[PDB]
Each structure stands twice: as C-alpha cells, then as structure tokens.
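Visitor: Chain by chain, the residues run as shown.
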Amino acid sequence: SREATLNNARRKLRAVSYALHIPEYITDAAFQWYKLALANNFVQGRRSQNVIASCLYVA
Amino acid sequence: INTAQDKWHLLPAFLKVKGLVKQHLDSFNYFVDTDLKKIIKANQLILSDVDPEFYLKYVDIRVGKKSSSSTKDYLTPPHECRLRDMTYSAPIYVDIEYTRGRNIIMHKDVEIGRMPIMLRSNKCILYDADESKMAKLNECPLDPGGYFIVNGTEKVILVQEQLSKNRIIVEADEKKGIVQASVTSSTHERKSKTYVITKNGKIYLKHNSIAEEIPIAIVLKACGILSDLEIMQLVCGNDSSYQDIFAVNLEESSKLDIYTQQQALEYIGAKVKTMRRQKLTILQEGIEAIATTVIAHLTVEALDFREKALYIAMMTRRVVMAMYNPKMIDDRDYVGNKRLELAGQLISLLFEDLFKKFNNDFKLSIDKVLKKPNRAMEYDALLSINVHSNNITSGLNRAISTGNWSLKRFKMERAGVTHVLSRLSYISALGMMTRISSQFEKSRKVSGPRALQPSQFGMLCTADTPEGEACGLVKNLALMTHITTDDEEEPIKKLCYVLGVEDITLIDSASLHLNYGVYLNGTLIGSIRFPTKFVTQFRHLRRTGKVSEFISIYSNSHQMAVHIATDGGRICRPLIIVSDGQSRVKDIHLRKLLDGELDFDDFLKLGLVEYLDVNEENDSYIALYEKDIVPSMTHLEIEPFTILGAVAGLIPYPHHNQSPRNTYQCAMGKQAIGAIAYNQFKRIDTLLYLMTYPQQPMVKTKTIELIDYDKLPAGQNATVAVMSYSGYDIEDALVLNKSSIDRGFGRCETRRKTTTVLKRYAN
Amino acid sequence: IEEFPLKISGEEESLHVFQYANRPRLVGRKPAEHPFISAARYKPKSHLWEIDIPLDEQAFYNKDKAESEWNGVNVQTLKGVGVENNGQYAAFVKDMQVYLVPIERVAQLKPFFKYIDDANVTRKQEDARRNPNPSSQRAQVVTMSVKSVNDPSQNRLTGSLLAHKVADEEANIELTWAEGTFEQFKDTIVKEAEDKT
Amino acid sequence: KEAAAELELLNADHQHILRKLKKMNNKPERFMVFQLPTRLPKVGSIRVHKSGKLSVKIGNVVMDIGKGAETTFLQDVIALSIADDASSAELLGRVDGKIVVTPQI
Amino acid sequence: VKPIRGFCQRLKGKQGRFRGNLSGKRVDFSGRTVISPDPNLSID
Amino acid sequence: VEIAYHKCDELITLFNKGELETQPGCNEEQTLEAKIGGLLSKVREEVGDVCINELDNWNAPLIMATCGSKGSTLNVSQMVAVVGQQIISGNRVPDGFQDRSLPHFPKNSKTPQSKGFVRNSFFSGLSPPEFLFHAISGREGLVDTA
Amino acid sequence: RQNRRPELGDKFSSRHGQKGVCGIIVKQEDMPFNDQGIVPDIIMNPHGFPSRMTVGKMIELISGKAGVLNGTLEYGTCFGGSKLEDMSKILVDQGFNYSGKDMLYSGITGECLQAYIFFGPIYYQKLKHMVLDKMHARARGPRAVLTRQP
Amino acid sequence: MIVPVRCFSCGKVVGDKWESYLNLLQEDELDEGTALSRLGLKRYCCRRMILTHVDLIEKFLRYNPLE
Amino acid sequence: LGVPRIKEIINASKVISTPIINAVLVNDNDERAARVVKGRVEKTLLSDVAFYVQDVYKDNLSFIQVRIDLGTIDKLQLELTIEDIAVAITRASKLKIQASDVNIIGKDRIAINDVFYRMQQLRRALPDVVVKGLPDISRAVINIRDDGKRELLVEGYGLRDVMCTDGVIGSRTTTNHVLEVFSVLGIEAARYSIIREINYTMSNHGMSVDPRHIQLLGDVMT
Amino acid sequence: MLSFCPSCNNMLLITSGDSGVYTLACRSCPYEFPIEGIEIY
Ligand SMILES: [Zn+2]
Ligand SMILES: [Zn+2]
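Chains as they are written, first to last, in the entry's author numbering: chain W, 75 to 133; chain L, 38 to 800; chain Y, 71 to 267; chain U, 274 to 314, 359 to 422; chain F, 347 to 390; chain G, 731 to 876; chain H, 901 to 1050; chain E, 1 to 67; chain Z, 1121 to 1233, 1255 to 1363; chain P, 1 to 41.
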C-alpha cells in the first residue's frame, strides 16, 4: 500500500544520496522529512526525480 | 671457505627473492595484473530491449593508476587509515564507449567504486621502502602483509583447501558403496558426478535431475563409439580375470534391445526434467546432446564424442580394479589428490558475481530511463555510473568484513573465510598467515582427515596444530614452498604432440593396455610405449626447453598410466638434481652465490634446484645428506629442517622431544606476550599485550635468524635450577623469586581501547 | 652410411583414412581377408563418411534381419565421424627412396546399422499416422513467427549442436574407384622432376 | 631395469624396422604411415649409422632421431583420393606398419 | 540465521528449557580462578 | 641392533628369493609384519633390560622407576637405551605413497628402517624419517584421545 | 594501559615444551646459591621431564650456559647445530662441570645439598593468562529477562 | 628496550655496561668474550643481558613525525 | 575390546560386528575329528568344488552340468553323499529361479533345468549356494587351550545349528551376543552373559571394578 | 557366450529358435550358425 510507495521513495532517495555523496544520517533525515511532507500531502503525480532532489536539497 | 658441506645458503636466497608470505601477495598481484583485466572481457556488451542502438563496451580496466597524474595523489596511508576507521582502498578506472549523438560516440573514462588492496602488493604504498618511507609512513617494516584494513579492523583471507577438481577419486564402503566419484567444472557447472554402484556390474550413472538410473553399456554405446566388443576389450582388459567379473551388465544392451539409432538417446534422457523452456527443446536429439556435453564433463566436444567416451572408459576401468584387486583405494587424503585455492581466486569469485549484480542493476536503470518521448540518453549514460558505484564498494567491503559470500551462480554459502588479525606476538602475526584451513571443520571422525599423512615431508608443518576440536584441520605450511599458478594447458598438450605421441583418433585396439598412456590432468592424449625415454626427454626439457616451468610428470605402475598435472593449487619445495655420480654443489656454484651474484631464479635456469611437491617425488628417490648417495638416484634434499614450520621453528632442539609436547608448544607459541612491531607505542589496538624488557633467545634456531625473531623476541631469559623445592613444585608448578621479579622480570603491558564515536542524529 | 631422401610434395589433400573397426589383423595368423571391395557415399562439410560393404551368403532370408518383420535387407553399412589430426604422412618405397605423401586427415568409423536406422522412426511415424490428435490447427498454420535477436534473455542453439544438426541437409553419392593406378602414383614422381631439392 | 628395457626393446625395434623396410616393398602395392611433428625449420638425407645405432633423421637441421610406434588393430588405410566436381577415387591400399618420429633434445 | 524459533527449539536440547536452563542452570554465589599448589593446608 | 637387522634382512630376503609360510594367520604380508614387530619388540625388551641392569646408583629415572613416580622403566629405556616400534592402528605405518612411504626409502619397502622403525634414542638425535614417524604416532594418539 | 606486575597465578612456560604456573614467591635467599653466589630465578619440576619425555631442555641448559660463558650465541636447530661433545669440553675448560651440574648450598640451613643441582638459562616466555584477566566473581546481581537467571 | 640498571638474579649494576660494550666493539675490537672479561664481568648471570637484549628503544625513537 | 564393545552390549543392538561362538568339542586334533567340526558348520566354497560350470546345446531346453571333485573332498570329508548336493540344489528358490529338476546321472553330470537370460542367471548364481552349514557363518579358527583341549571360535549368528551339531557338547558356548542369547536361552542366561561379557571386555585393560556394580548394571535392563 | 561376430561386430544372443530348431542368431545381423555345443569356459 503506502509502505510500498515509501519503499520506492527510500530506494530513490538512497540512489540520489549515494550519487550526490552525502552521509548516511542525512538520508534518514530526508526520509523523515519526505514522510512528514507526504503526511501533509505536498505533491502528487510527478516524475519524482525533481521531488526527491528537492527534498534532498532542503535536507 | 666451504668446499661442499654448506648446503644452507639456498634458503636465505629463496627468502630474499620470493619470501615467506607469498600465498597472498603473489596471488593478489597476479589477480590485479591478469584476471581483473581478463574477466571484464566476458561481460562488456550491455544491449537493451528498448531502443536497439545503445551499448557500452569495456576496452580497459585497471586499479589505482590514473594514467595522467600519479597513482592516486594520496592513496590513503595504511597506519593512518587504521586509526581513522576507514577502509584501505584504491579505486577502479575503466574506458568505455557510448552512443551519445546521432553520429557521435564518446570515449569518456570514468571510475566505478572503490576496492581494497592488501599490503605489500604491487598497487600499494609500502612496496620497496626502507626506513625512510617506512619512518614517514609510521608503520613497522617487518609485517608479513597479505591483509587489508576494512572498517578500522583488518582481515586476513585464509588459504582455503578443497579436494581436486579434474580427477577421479576412489571411495569405498561395506561391499556396496564402491562408488567411483568425481567432480568437474566448465567454470559454471559442478552439480554432481555420482558414479555409484547398486548391483554387481550395475554401476549406473546417477544425477539429481534424473529419475532412476542409466547403465554404462548404453552410455559407452550411445555417446561413445559402439562395437559391443570393445566394451569387453578396450575398457576392462585382455585377460579373462576381469572380463569374467565384467560379464554382468554387458548383455543389458541386448536385454532392453536399444542398439543405437536415436532411442539410445531417448532412453537415457526421457527421464530428465525441466527442458529449459516451453519449446520442448529435445527435438529427439538436443537435450541429449547438451546433457552429454555440458552438464557432466569439462569438454565441449563439438563434433567428436570420443574423448569423453575414453574418459568414462578409463573411469570405469578403476571400479573393476576396485572389485577384482581386493580393495585398493586412492583415498582423499593424499596431497596429489588435493588442490588449494588462494586469496586471489576467492576475491575473483567474489568480483565476478558482484560485477554481474552491478551490471544487471545498471541495465535496469538504462531501461528505466529509455521510456519517454524525450530526447535520447546522451549524458545520463555518461552519468549514472556513480549511482550504482556504491554496490561494488559496499558489497566488496561487507563480504570481507562479515565472511558470508552469497553468490547467485554457484549456489553456496561460505562461512568463516577471514579472521581478525591477532597480535599476541610476532609469531602470531606470522603463523596466522600461511594457514591451510579446510572443509571438514566440524565432524567427529577418527583417523580420517585428522591424522597426518607421510606426504608432508617439506610440504606442510608436521608439528603445527592447535589442540582441541580443530586438531588436524587448520595446520600450517612449511618454509621452502611455492604454489603453482596455471597459464594454459594447450601449448603443453601441443608440445606433448611434438614429443612423439599419437592421438585418440586412431588408437582403438586390444593394444590400448600396453605401456603407460599419457594424460593431461584428466584427459588422455595417447597410449604411448617407451615411457622412461619420454620422462627422460621431458626431464631434460624442464631444465633446457622453452615453456614448461610448472609441470609434474609421474608414472603410476599399478593403474598402468602416466599423468601430467598442470592445474594451479599444488605445493612445491626446492631440491637439488643429481646425475648418477655427484650433487650440484661443485665448489663453484655456492661460491658464486655467496660472493654476491647468481641468486635464486637463476639456479633453475642453470639446473641446480627445482621446486616441486606433487607425486613426481613418488616417482623419484631423494637422499638425506652428502654421504648417502647411491648411483641410481634422482634428487636429494637441501635442508632437513624445512619440514618444521615457522611457529615450530623457534623450538631449541625439537628432535630431542616426543611429538605431543612439540605439538602443544607449537600450538601455544603463538600465544605469549612480546614485542609485536616497531610502532608498538604509536598504535591503538583492541587487545595488545606487551613485553617490557624483551631479550634475545640465548640459543638461536637457524630459522629464527631468518624471520628476524632475534630482532623482535617474545619473552625473557632466566637462569633456572631444576630441583624439587619447598613442595610448591608438584605438577608444572613453578616458583619465582622476589627481588628478581622486582627488577623487571616478566613485566606486562595490557592495552585495551574504548572507542565511542559521537554521531549526530537525523533529528 | 646409407642416405635416404624425402621431400614434401603434396597438393591433393583429400585422402582421408578409414579405420575399419570390424576386421582383426591377420585373422588366424594367415593373410586371407582382402575385404576392401565396397562402395560409399559422402556428406560435405559435416564429416560423416558412411560406407556400405557387400554381403556374403552364410544364412539369410531370415525374417529378423531386415526388421522385426521386413524391409528386405541387402547390404551392410558402416559410418563414423572424426576430426582431422596434424602431423601424419604416408610413404612410397620406389625401389630406393621415400616420398612422404601427406595424410593429415583422419576419421575413425564404427559399424553403423543398415536398415534398423530408419525402422524405429518409421514405426513411430506409422503409429503417428491417421491419428485424430492433429485437429483443425493444421489448417491455420502460419509461418509468421519471426523472432527478434537474443537480447539478454536466453539464447538460440548457436553452434553447440551445428555438427549434430547438419546430418540430413545434404549428402553426396561418391562412386567406387576400381581402376585407379596412374593418377596418385606417377604424377607424384613427375612432381619430383620440378621439385629439384 | 628401465634402461635395460630401453636397450633391448630399442635393439629389437631397430632390427625389426630394418628388416621390414627392405622386404616386400620394391613393387607391390605396399605403403607406410609416417608421423612428423610440427615446427620444422626438406632434402631428407636420412642417414644410417652402423652397429645398431640407427641415426634416422635429416642432417641439415638438428638431429632428433627416434622411431618405433605402436602396432595397432583395425586396419586404417588411405585407400582413395577424391575431389569435388563429380569426382572418383584411386587405389592406394594396404597400410601395414606404423612409425612415428620421436624427437630427442 | 534463517530458522525461526517456536515452542520446539526452546525445548530441543543443549540450549533449551530441558538441557541447560532447567536441569543445569546458572547458579548464584560462585567464582572461578586458577589454582596454585600449597602443601601447608590440611585436606579439608 | 646389527644382528637384529641382519636377521630381518635374511627374514625378508628368504621371501624375496623364496617364500614364507605360516599356519594361524593369513597368507602373506601380515604374519610377516607381526614377526618383524615381535623380533623388534624383543630388541627393545633386551636392550632396556641391559640398560636397567647397567644403570647407575642414585640415578633419578631409576629412582622414579623403582618408586612409581612419573615414567616407568619403559620410559627410561626410551630415554637411554633405544626407541622402537611406534604403535599406529595396531601395526606399523601404512603406505603414504604408492608402494612405499617416504622418498628416502627404496621402492617395495619391506625392511626395518623402511616401514616405521625408529632406531635412535632421544639422546643420540633422531633421524628425520624417524622424527616424521614419531610425529605420525603422536598426532594419531592425540586425536584418538580427543 | 596498566603495567601489570607478574603476580602469583600467572602462567610461565618454557619455549621447549613444558608449561607452568607459579606456586609461591621466594624472598631473596631461601633459594640455593653457589660458589659465585648466583641465586637462580625460577625452579622447575624434575618430574616434568620423564613422563613428558623431554631431554632437549636438558641440553638447552648446557648450551645456554656455554653461550653465556664463551660469548657466542649458540645453535640448536633441527638435526644439526652445536653438539654436546665439544660443549662439555668448553664447560670443563672454563672450570665448570662437564654435565652442567654444580654443588649448591641450602637456603634454610646453610649446609650443602646431598645431590647435585644443575642450572643455566632458559628462554622463558609469559602467556596471556594473567590472573586478573581470569578471576571471576558472582553475587546477587543481574538476571536475564527470559528466565530470571544470571 | 633499555638495559636494566641491575641484573635480575644477582644484584650487580649494569650501568656503564652497555655503551662501554658497544664502544669497545666498534673501536678497539674484541671477539665477544674478552670484551666482557676486560669490562669486568665475572658471574655468568650478569652476562646474560649485555650478550642478550637487542636494542629496541633505538628503533622505537625512530618513529617521531618531526617531534 | 574397546569402548564400542561396551557401547554395543549396553544398548542390545540387533546386529553386531564380528562376534565369536566359542564352541567346545569332545575330541582333540587326533587325526580327523576336530577337522570335521572345522569343516562342517561354516561354509561350502562351491567355486572350488565345481572346478567349472559347463552346459552343452544339443536338445531343446538344455541342461547345465556340474562336476564334483572327489579327490579334493578326500581331504575334508563331510558330505561325500552327492545326492545331498542335489537336495541342497532342490532347496527351492535361493536365486529367484527354482532349480528343481536337477536329476543326476552317473559320473556326476547334474542336469540342471528367453532361455539364455535364465541360463546366465544360473551361470552367475550357482557359485554362491551352500551345501552344509548356516549361511550366517563366515569361517572358524581353532585354538589351543593351555590344558590340551581345543576350543574353536565361530564367526556367526546362529547358535542353534552349532549347538545341534553332533560332535560338540552343548555345555558351554561363550558368545558375544546379548539378544540372540536371550532368544535361544531365555532371560537368566542372557543376564549372566551381560554381567560376564562386560567383566571380560573390561578386565583385559586393567581397570577392574567391583562386579556387584556389573550385576546392578545387568539387573536394571533385564 | 561373449561372442565375437565378424561382418556385423555385435554380441550374439541365443534366444528361442522361432517355433522349430534351436538356432542362434544376432539382432538384425546375417552372421549366424546352428548349435554345435556352446564354447562355455
Ligand atoms: Zn647477573
Ligand atoms: Zn550380429
């Protein structure tokens, strides 16, 4: 359900995190930030590259 | 000066040229020089389903080179990397193409992940440094190497020992299990061999992907040459003492009435399952041909199915000799039936699967990108390699920091590969290396793979074994040793065709069982006569001729064959060649040696020493001393004390003891406190016991002079009165001396570290 | 003391040997066989070399010798495959010399079955004759099944059984020799007139 | 006694191959199957030394004498020579004795 | 480790609630130190 | 030891040129091994007997042997007199090779100092095949105990 | 790091093949001296030699005595090294006994020893079995969450 | 490391016994034993330290990165 | 004699590795009598008795000749009653093909019985049958007791036909079994065997204990 | 019998003689003989 979407988001955030050369704690910080943002229903239907890049950019 | 009685200065020259610990360094250097560049050519084409134009193509791969600048411009220093809790690594560099433009192909040269490199190798800092770079690098110039720091600690890849691969090993049981088993490898298929016997004469080929059984008289008549007379004549012998026992299971080709047209394939493979897809790919010949070729033998045999026929025909010639001859068995404890894998082969088998698990995910990313009406992928192919670059590094560090190597093509789980490096003493750091671990680790069997065999004179140490449950399984390895690597078996076989052999295209007769037939590690080439002249010619060619350099030949008279072993993994030891009158000292060779020229790796060119430990020496005769020669010999032994290992090499007069006390003392000699390294006061270790006032051994064994143990001792010297004093001297109960122990006798330094990394959270 | 010349002069190359795996060497220790009179037919570029040999009349007109019932057997056959070797040569012994004809081509043979080799497939096809299991799918048979090239999923046959596949595509009928004496004997000596060491 | 076995077996093989080479091969249809290894650097010039030491090789290149191959069953004859337009064959016939050249170093 | 533990591996043997947690249990008030000889004590 | 090796040399060469017979056991090469083991255990017994007969007063191995301390008179014979016939699997050492045991021994080894008979004491220094044989016996006894 | 003084209970083993744990510590002079007056450091068991069957340590004391006497670090490798025949000649040429023995004077009474006692240097290594690293205790302390046992 | 000030078993001081030994081995060379005999060594348990004891502190003081 | 012996007695295993049947005779090795007991009850090596196995093909459903060796069995005379060989063959199946019509003619030509497959089954099954003795007995070795009496041991499992055999007395049979001894002599003889054989296999290596512990070990499983 | 049959090179088997004389033959091979007594060793 929603956990599969957060798993896909965690894999994409893992990809952008290990590609952008950031440490491992800020990956979990961006993950909980994306979880809070999706709890606030901030965006839908994007290609998700811009979304994960923007969340990792603010984190 | 010496005339002929020295016989000793070959071992320091050997230790200076090659060295003691080379079971990891030489194998890893051969890996990063040949195999890391070779196995990438087998996986270079990454063609996709969508948009059938895109490809990469690997043309070059190398470790830590960066061929514009220097090697890394840091190549993070090893003792600093041990304290920083970093892995000691140097990255990968590759050269690849693209399909960037409509008419443009880029040749961008990128990197893919990091890779650990063991110390003292080619691609390291600590190669060829002597108290200046050693002093600036802040580490001891006496460590054995063969290890690499991963995640703060350092791990040592143990030398794994398994059985042989392309051989036919004999087994036995209580008159029912006369199974003539084997294994095989075409680098992706082992799965079985299971040549078991159920009824007398009935030695049906078993398999796991088959229902019941397949007879020999239909295998040798279907996928072998068919005559129904050579099965009495070619495979069993001429005299009736063997054929009268082999008379059963020769009428089975007449009982079921098979008589090969295509039903001799249909009956042997109507019982095999899972035919690879839903096409039903047999087409009354196909799965039978591929089951003959690839899943049961190491030869592809594209046109002539007769070499595998003669291989099975000589395999079944031993099980008849396991029945008529009252139970002679080549047991699976002899060293000639034993090949061991090194650190390079294990790290290659790791890398060849982790590269596949990288490439499949990268192809998945390519297929994820190419799925939109946007412009074609120019630069995201140039990019998006440092997004799965942390799959080779993280996996390559995890599999060496844990020790459980999951592979998706061989289907095994290997546990307990490495070990944390114990630094109780310098003897511990030398003897935990050069260790032969095994596969029979936890099994309570007496007098099996626990009792040592007489084929260990110079091969392995006969006194180095820790007492307990692992007694006879983790024994170490001797000093004068070398391990063969395999170049190629094809020029060797062609040179055998040059030296006067016939092939297996014209040799079917009753004269197959004349004088000894030549082999190449599990493949017969020809039943040649005049065996001593062939061995003499190759004896002259291994010293004078062009390319042999690692080949053991030996004539076995009981099974009436002669073999040639060329696979990699067997052990060696140097020995002096004699010719019927004298040795090869001759008053000038060792004189030129200790004058300051003509070192090792030149005495093989002239013909003095030649390192070997296979059953070549079983077809030989080795002398002990100078005053023991007989004019019928082959070789002699250089030093007699090369049988004891390095951990058994500090015992003063070991031959004046019984063997259990030597075994106990060599087991507990890598346990005492000492003077581990020169950076003793500049390192941080998790468990480090230190000696305060170390002193030399008063008596020196002639092996600890060479391993610099006199420089770095592991104890203390003391006079001692052997008497029964005060009743405190009952059963290994010593009594010390106040005001002698008060002056610094046996003072200890126990060092424990406590690292608490402070981390910032994701909050 | 005594010198023998030998010179390489081979430019014919089609002289494959045939290891007859039925006849012992000098049966009864008396040369009385002379069995080489036979016929043949070949196959190009697939290395089969089947040869049929004529019959002697010991006892046949027996029913079990053509099939289980009948094909009318009249000839024995023999066939065998084999890859060519490298290094062997023949020799001529022309009254004081040696000529060293190249052989270089070997294919061993075994006795191949003569009319059982179609009998088992013929009985299964006759049992598969007039069967109702091939229903109306035979009418709408289409050859539209063209497939793409093997993108990284599983591959084709691709050379592992090509020597096993090519055994029915073509076959040549090569006649007997029965009179050939001049051609591979005198032209070999004429080649020595232009060799001249 | 492997040196002795070498001595008497090579003497018997040399006497047999000298006796067989000079009988029944003037003009019958009688052949001989050689082998000669690869990498040859021919005039032939095959000399014969006396006292049983048959130095049977070429004396223009390095002398690597040796002979005495296996006598085998299952008669293997050349027996023909063909071509490919519609071609026919030849009488060759009757291979009897096997001989190789074992090089010495 | 991929067997799961249920109510049979807790009763199986040598680490379960029969053969190392019930019959032979870790008792209190003990101590473990190496031994040196001494003749001058009585045998009690 | 010289007359024992001479007697064993005739006892093996009367099978090399002739034949050997035995009533109770098997046909050959087991009663041969039993007779070699007996005629070499008699050597150990006699040389240990003359060793303890010759041995000194206030001799501390003899003091422990006459009192029952560490080591019997067999241990004192292994000290001074001779060591012989190590015991593995109730017989001598088997073939570690094809047809023999070590490269320092000739083929078809069926003599003493070819199939596992040490002849040197611990004082005189052991031979390297004898040291290997004693290592065989020591590791076999230790793993049997375990 | 702590500088552990080697206490009583600590393992001390010879390099030649005999183990050992100390029994008591002797003050200075209750151990028997000689004419030069050198008090030995450790005293080993004579019973540890026969049943463990070690005679090379008995050669090791002589080789160590001649090595510390004549100056040269002496041999003693496998199957060769410095023999005993010249070794006894060196020991009797300096003025010591030909067998490593010596007459000693008893500590608690001052008179001679009735039997001779031989003494010389042995390389003594200390093991990783300090009694502080092996002492154990238990009280009414922590218990498990699963069986309420320690 | 550093030679102890007094030997273990006996009590004779071992100061001015090491540098006066290496100074006597480099300059005014003696074989091995007349060095100790002229330096003043009598009891042979006072002679198992100057003859023994590889010098480790000269190899330990090498490791100072510009201290 | 070691710890597998005391391991195998105490659990009362149904099978056992190399037991002995110490049978006692009446007469000594005088000239024939003890060799008769040495030859009767063990095994008939019929591969030595036949000297070959031959048939001849003249009539339909041909017969397979067996030749006796009277001169060979004139050293170990047990069953020179050659109809007894025929009745041991008519011991019915023994090889899953009945050899019943084996009617012998003079000069020892036994006429035993597709066709060739059942012929070769009898060809490779005939040198396996026995004519006298239990098939569960390997061989026997005769020993010399110190008084002069001869005590032969038997490697076997029966203890009924070696006790039924005339020539030996059925007084004492010191065996190694603990379950077959129960099956042929009841409860108390088996428990005396289990308190005697433990004491025998343990006193041979010293370590002698009080045999009341042996009796208490024997009572608590019998 | 462990036959040696020339001109076909296969093992002979002595089956039933097809309702009549007890003959011996091979499987689809012309080499045969009538019985004259088997050559059993
Ligand atoms: Zn002192
Ligand atoms: Zn036939």
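What the hints contain is simulated information worked out from the structure, not anything from laboratory work. Note that the Cβ used here is the ideal one computed from N, Cα and C, for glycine as well. There may be inaccurate statements among the hints.
[Claimed, not checked] Think about it this way: if two alpha-carbon atoms lie no more than 30 Å apart in a straight line, the pair counts; the simulated DSBU-like pairs of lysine-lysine are:
no.: 1; chain 1: Y; residue 1: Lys261; chain 2: U; residue 2: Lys374
no.: 2; chain 1: L; residue 1: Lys170; chain 2: L; residue 2: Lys75
no.: 3; chain 1: L; residue 1: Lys213; chain 2: L; residue 2: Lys75
no.: 4; chain 1: L; residue 1: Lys236; chain 2: Z; residue 2: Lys1214
no.: 5; chain 1: L; residue 1: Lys737; chain 2: H; residue 2: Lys1034
no.: 6; chain 1: L; residue 1: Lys737; chain 2: L; residue 2: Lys55
no.: 7; chain 1: L; residue 1: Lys790; chain 2: H; residue 2: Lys983
[Stated by the list, open to error] Between beta-carbon pairs, the in silico distance windows are:
no.: 8; chain 1: W; residue 1: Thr79; chain 2: Y; residue 2: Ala209; range: 19 to 27 Å
no.: 9; chain 1: Y; residue 1: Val236; chain 2: L; residue 2: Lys400; range: 49 to 57 Å
no.: 10; chain 1: Z; residue 1: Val1282; chain 2: L; residue 2: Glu250; range: 28 to 36 Å
no.: 11; chain 1: L; residue 1: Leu643; chain 2: U; residue 2: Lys274; range: 26 to 34 Å
no.: 12; chain 1: L; residue 1: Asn39; chain 2: G; residue 2: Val731; range: 32 to 40 Å
no.: 13; chain 1: Y; residue 1: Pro204; chain 2: L; residue 2: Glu226; range: 32 to 40 Å
no.: 14; chain 1: G; residue 1: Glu763; chain 2: H; residue 2: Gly937; range: 56 to 64 Å
no.: 15; chain 1: Y; residue 1: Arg93; chain 2: Z; residue 2: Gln1261; range: 43 to 51 Å
no.: 16; chain 1: Z; residue 1: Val1282; chain 2: U; residue 2: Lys274; range: 35 to 43 Å
no.: 17; chain 1: U; residue 1: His289; chain 2: Y; residue 2: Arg93; range: 38 to 46 Å
no.: 18; chain 1: L; residue 1: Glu250; chain 2: Z; residue 2: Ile1126; range: 40 to 48 Å
no.: 19; chain 1: W; residue 1: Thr79; chain 2: L; residue 2: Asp417; range: 54 to 62 Å
no.: 20; chain 1: Z; residue 1: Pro1124; chain 2: L; residue 2: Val584; range: 34 to 42 Å
no.: 21; chain 1: H; residue 1: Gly937; chain 2: E; residue 2: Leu30; range: 36 to 44 Å
Visitor: Compare the structure with each hint and give your call.
Guide: Verification of the supplied hints:
At roughly 23 Å between alpha-carbon atoms, Y:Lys261 and U:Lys374 fall within 30 Å of each other, so this suggested pair holds. Among the hinted pairs, L:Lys170 with L:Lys75 is inconsistent with the structure: their alpha-carbon atoms are about 33 Å apart, more than 30 Å. Distance hint between L:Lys213 and L:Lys75 is unfulfilled; the C-alpha atoms sit about 46 Å from each other, more than 30 Å. A hinted pair counts as satisfied when its Cα atoms are at most 30 Å apart, and L:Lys236 with Z:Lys1214 qualifies at roughly 17 Å.
With a C-alpha separation of about 33 Å, the suggested pair L:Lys737 and H:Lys1034 falls outside the 30 Å cut-off, and the hint is violated. A hinted pair counts as satisfied when its Cα atoms are at most 30 Å apart, and L:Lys737 with L:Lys55 qualifies at roughly 24 Å. With a C-alpha separation of about 48 Å, the suggested pair L:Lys790 and H:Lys983 falls outside the 30 Å cut-off, and the hint is violated. For W:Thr79 and Y:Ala209, the hinted distance range of 19 to 27 Å is not satisfied, since their beta carbons lie about 51 Å from each other.
Checked against the hint of 49 to 57 Å, the pair Y:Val236 and L:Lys400 fails, with Cβ atoms roughly 35 Å apart. The hinted range of 28 to 36 Å is not satisfied by Z:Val1282 and L:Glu250, whose Cβ atoms lie roughly 41 Å apart. At about 32 Å, the beta-carbon gap between L:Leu643 and U:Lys274 stays in the expected band of 26 to 34 Å. The given range of 32 to 40 Å is respected by L:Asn39 and G:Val731, whose C-beta atoms sit roughly 34 Å from each other.
Restraint check, Y:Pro204 to L:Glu226: a C-beta distance of roughly 38 Å satisfies the suggested window 32 to 40 Å. Distance hint check for G:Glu763 and H:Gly937: the Cβ-Cβ separation is about 60 Å, which falls inside the suggested range of 56 to 64 Å. The hint said 43 to 51 Å for the Cβ distance between Y:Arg93 and Z:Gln1261, and at roughly 29 Å that hint is violated. Distance hint check for Z:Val1282 and U:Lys274: the Cβ-Cβ separation is about 42 Å, which falls inside the suggested range of 35 to 43 Å.
For U:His289 paired with Y:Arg93, a C-beta distance near 23 Å fails the hint of 38 to 46 Å. Distance hint check for L:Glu250 and Z:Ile1126: the Cβ-Cβ separation is about 42 Å, which falls inside the suggested range of 40 to 48 Å. Roughly 24 Å separates the CB atoms of W:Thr79 and L:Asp417, a value that falls outside the hinted 54 to 62 Å. Distance hint for Z:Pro1124 and L:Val584: a CB-CB separation of about 56 Å, inconsistent with the stated range 34 to 42 Å.
One distance hint, 36 to 44 Å for the beta-carbon pair H:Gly937 and E:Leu30, is violated here, with the actual separation near 27 Å.
Checked against the numbered hints given earlier, this structure breaks hints 2, 3, 5, 7, 8, 9, 10, 15, 17, 19, 20 and 21; the rest are met.
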